[PDB]
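Colleague: Chain by chain, the residues:
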Amino acid sequence: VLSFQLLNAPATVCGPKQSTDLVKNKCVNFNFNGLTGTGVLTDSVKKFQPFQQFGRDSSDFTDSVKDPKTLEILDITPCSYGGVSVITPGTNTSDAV
Amino acid sequence: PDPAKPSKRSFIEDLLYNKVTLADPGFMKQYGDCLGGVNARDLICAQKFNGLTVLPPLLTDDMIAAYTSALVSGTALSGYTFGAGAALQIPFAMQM
Ligand SMILES: *[C@@H]1O[C@H](CO)[C@@H](O[C@@H]2O[C@H](CO)[C@@H](O[C@@H]3O[C@H](CO)[C@@H](O)[C@H](O)[C@@H]3O)[C@H](O)[C@H]2NC(C)=O)[C@H](O)[C@H]1NC(C)=O
Ligand SMILES: *[C@@H]1O[C@H](CO)[C@@H](O)[C@H](O)[C@H]1NC(C)=O
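The listed protein sequences derive, respectively, from chains C and B.
In this text, residue positions in the first sequence follow PDB author numbering: the first is 500, and each later residue adds one.
In this text, residue positions in the second sequence follow PDB author numbering: the first is 790, and each later residue adds one.
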């Protein structure tokens, strides 16, 4: 019988997967110790305590994470942040917006 | 309004505006002012992270005060005749 816990404490046993370095200033799909997500990652200055692997929020939305290879905190921000509005003069009128 | 400073508001209106506060004015918050830069996780940036946005009103504060300035000035020059048509000049002592 095998028993294990997931995503509560730093991990010691992981699957057979290889890393593909770090990409910056792009909203991409990352996977940190089995944590799929999407967003931009540029740099982080947040200070936290040890025995931590994820950054939570009041809305349970991830925003920071610790890189297990470089031992430094990162930041997560959604690829879309602002609002966009489009003004049109009507279909018959024209097509420029 | 006092012509000494172009505030476009009267003395009482400034006190009224300063007495009551607002949640978040401006609606001009960019990266660096949200978690893309550095914050203490302000409520406004959390709202925008979930598709919640607040739109500014069509009329600005300065434009609204212009209507009040026109209304008050019109009373001192015509009373209430301008409301039913064109303005009619009259001394204030006789108007009162
Ligand atoms: C695997 O994880 C280990 C920790 O378990 C990491 O060890 C670190 O390896 C890097 C390789 O770049 C070392 O950085 C190097 O250090 C000196 C700085 O003078 C220099 O040789 C290079 O410029 C480079 O920066 C780092 O010191 C080392 N940490 C230690 C020894 O405590 C490692 O990141 C991971 N292995 C990889 C990515 O191959
Ligand atoms: C658009 O233009 C056509 C041109 O004849 C007109 O008949 C039609 O009613 C217009 N459509 C709308 C939705 O106003």
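Note that these hints are calculated values from the structure, not bench results.
Heads up, a few of these hints could be off.
Pair by pair, the computed Cβ-Cβ distance ranges are [unchecked claim]:
id : chain 1 : residue 1 : chain 2 : residue 2 : range
1  : C       : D542      : B       : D803      : 36 to 46 Å
2  : C       : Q517      : B       : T849      : 53 to 63 Å
3  : C       : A595      : B       : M852      : 48 to 58 Å
4  : C       : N524      : B       : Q836      : 52 to 62 Å
5  : C       : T569      : B       : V827      : 14 to 24 Å
6  : C       : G581      : B       : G863      : 36 to 46 Å
7  : C       : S558      : B       : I801      : 36 to 46 Å
8  : B       : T870      : C       : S558      : 57 to 67 Å
9  : C       : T535      : B       : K797      : 50 to 60 Å
10 : B       : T857      : C       : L534      : 49 to 59 Å
11 : B       : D851      : C       : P567      : 46 to 56 Å
Using N, Cα and C, we set each Cβ at its ideal position, and we do this for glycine too.
Colleague: List, from low to high, the hint numbers that the structure doesn't satisfy.
Modeller: 3, 4
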